[PDB]
Structures are given as C-alpha cells and as structure tokens.
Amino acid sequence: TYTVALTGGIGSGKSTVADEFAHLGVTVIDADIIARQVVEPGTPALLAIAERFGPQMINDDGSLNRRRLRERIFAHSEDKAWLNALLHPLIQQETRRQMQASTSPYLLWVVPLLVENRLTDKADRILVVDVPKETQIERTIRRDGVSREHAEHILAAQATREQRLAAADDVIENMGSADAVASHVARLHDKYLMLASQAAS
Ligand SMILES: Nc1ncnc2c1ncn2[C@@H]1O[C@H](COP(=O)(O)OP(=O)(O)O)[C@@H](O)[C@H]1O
C-alpha cells in the first residue's frame, strides 16, 4: 500500500498532524501508540508486568504506572530485555493487523527517527512536520516537564532541522492558526490520493 512517512523532531507535532490525517480516513500506523495499546488496562502484557514486578505497576485506574516501570528498568537494566521479549512480538503483530485491516487509499506511518535510522528509502513519500527550534523547545518543556537544557540535549541527539527538511518531499509547518494547518493537511491528503492512484496505475 502507498505509504507516506511522517517525521519531525520532538515537539514539532507529529502526533497532532497525524490525527488530522486520521480524521480524513487515513490509516495511521504509530509504533508509540501501539506500544501503549498492548499494555492497556486489562491486557495480558500488563498482567505479566504486574505479576513479575508487583501490583504497584498498576495505577488505581487499572493503567500501567509508567514511571514505576521506568524506575525498575533504570535499577535493573537486565529487565529491558525481558520487557522487549514481552512487548516486541505484540507490537509487531498489532502493526501487521492494522496494516491488513486498512482499506484506505494510502497509509500514514509516524516514524520519529526516519532520518536518524536511514529509513528514507522505505516510504513512497516523506512529510516533515516543522517548527522553529525555539518552538520545539517550548512545546517539549510543557508536554514533558523537562528543563530547557534537557530539551536542548534531546535536539542535539536528533537529526538537525536542516537534515530533516533536506530529506522531505513535503513540509508542513505546525504554526499559525490550527484551521490553516488542517487545511494544509487536506491539501496534502489530495496530493497523496492522486499519487496513490498514479502508483496503482
Ligand atoms: N500548533 C500548536 N501550538 C501549540 N502547541 C501545540 C501545537 N500543536 C501541538 N501542540 C502541542 O505541542 C506538543 C507536541 O506536539 P506533538 O504532536 O505531541 O509532537 P511530536 O509528536 O512531534 O513530539 C503537544 O503538547 C501538543 O499538544
């Protein structure tokens, strides 16, 4: 299936823009979403986490206490492999289920490290969500509760803005009025529908 890879630096708006494509009926594949899905309240993988590490892994609302799990892996690095062995097969399986169940003309794949992991060849098109550096910093501080200096260290561990823009086929700036960003998404959606038809012919 025709595939558009959505990338962008931390805090630029990958999740936000992907939701607007979803609203237009596009199947959105996002491994970070799938990872949360596989440990939702009541899931066997959440039970396995709690049975191993303790009931303190489950919040009063039945959800995974993510901080407590991060604390466990921080204290016991060997438990990272255990967690991977539990979750990786479930994430792969759910990724494939979502691909197979899709009936949309194209797929949107949210790929945070597309440039950093050299995956530019896998998708038919690359869409970069862009914002100024100061905007990434401000939005990451607010969402994630990190210092500005911490945000700068994350940016320094990611591809540069210039590198992402150089790899992009299309750029969406997640700035200005939200209505205009959504209209930009609708314009790109039409472009992708037409490219998907061209590829299918
Ligand atoms: N146009 C905007 N103006 C201000 N904040 C925004 C805007 N778009 C998204 N946000 C917020 O910015 C943060 C990062 O957006 P998100 O889509 O999660 O980025 P990413 O997935 O690229 O890390 C979130 O807290 C989100 O609510």
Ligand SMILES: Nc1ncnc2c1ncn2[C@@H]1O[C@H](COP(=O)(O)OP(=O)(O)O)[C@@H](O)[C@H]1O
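Numbering follows the first chain given and starts at 1. Residues that one form lacks are left out of the comparison. By rigid core we mean the largest C-alpha set that fits within 1.5 Å across both forms. What changes on going to the form deposited without ligand ADP:
When the chain is split into two rigid parts between the two forms, residue 13 and residue 107 fall in the same part, each C-alpha being assigned to the part whose superposition fits it better.
Rigid-body analysis between the two forms: the smaller part rotates 36° against the larger, C-alpha superposition. By the rule of 2 Å per CA over three or more consecutive residues, the rigid core superposition between the two forms yields one shifted run, at 31 to 103.
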Second form
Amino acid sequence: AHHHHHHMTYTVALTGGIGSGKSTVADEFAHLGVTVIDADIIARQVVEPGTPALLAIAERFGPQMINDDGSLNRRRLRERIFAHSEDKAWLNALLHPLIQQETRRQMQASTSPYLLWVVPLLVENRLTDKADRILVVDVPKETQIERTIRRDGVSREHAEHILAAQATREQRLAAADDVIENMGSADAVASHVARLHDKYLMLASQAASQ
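Could you output the structure for the form deposited without ligand ADP, given that the previous block was the form solved in complex with ligand ADP?
What comes next is one chain alone, with no partners or other molecules.
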C-alpha cells in the first residue's frame, strides 16, 4: 500500500424508489465529473469470490451456497434466508457493516469536490443522517410500476410486491433537501442536475473550511 490520509468529503445521497430514474440522474452527475458511489454495486462487490462475506457464507451454510466457479449461489441464499429468519438476521448483520465500510473505503479513495452516493433504501434503512444533503428523484407510483414491468419483464403484482416494503412517495420527499421530478425530458433533467451540481460545488467548497 501507499500512505494516504483520512479526509472527509461532502456527500450528497441520491435516493428514490425502484423505477424512479436514479441511474439516469446519477449518470448525469458522472458526466459532470462527479464521483458516484452506488450502494447496489457495493452490495455485489462485498460478496465477490474471496471476500470476507462470501467466505463467511460458505462457512455457515457449506459449499451448497457457492457455485462451481466460486461465485455466490444467489438463488439458494435467497431461498434460505426467506425460510430461516435467523439466517436473514445473520446475513443483514454481516453485510450491512461490510457495505458501509467498503462504501467509506471507496469514498476515502475518491478525489471529488463532493460525492454522489446512490442509496435506494436511504429512508427505509434510516441512513439519512449519513449524508450532508439528500436528493430525491420523484415519480408517481404508477410510473414506478410501469417502468418496472417493462424493464424487468414482470407482472404488476410482482412490481407491487417489490414496492410494498419501500417508503411511500411522501415519506421519501419528507427526507429530501432537493427534489428532481424525473418525468421531464432528458434535457430538463440534465438541466436540473446542472443546477444542483453548481449548488453542490458551492456548498462543498464553503464546507472545506471545516
């Protein structure tokens, strides 16, 4: 390794329900040069071959949980933790800290005036205090359903099942500092991101003082 110093960076958390357009918004921030750290990507990285979490899964459940190529048997783990509440609790207790630590590691290794942290379950998991500012991408629930159906090729009822554990629209807006109505044209959304990017560069640059 090389020596590095712990430095804090202004963090904007982007959240929104499934099908709300988070990835399109995050990509516009990335186009402006902002480092984006995505909780869903981190969640997959922490169960890659050779990771502490995957090795712990293999110890607890044995080789049935590991595919012949060394990767996680995701379906078998899902079925096990559905049927065994003690295993769901163990897995959440294992993965949540590894995700937060890996997130902090990647944030510390970044070079960006502020960071965009994409956290689909920010509100549901009570993580709102972990960011300096919260940006919500908002669409009607029916739009979430329509986009999930056409994108994942699933039924309306399956889309509703996925959404049944998520925050309601107004619950999520109640946590927002900034809101993007993600039904505009792509140019309009890109313009809103441009506005917010300017705002965030300023907020992050007067906070470097601290």
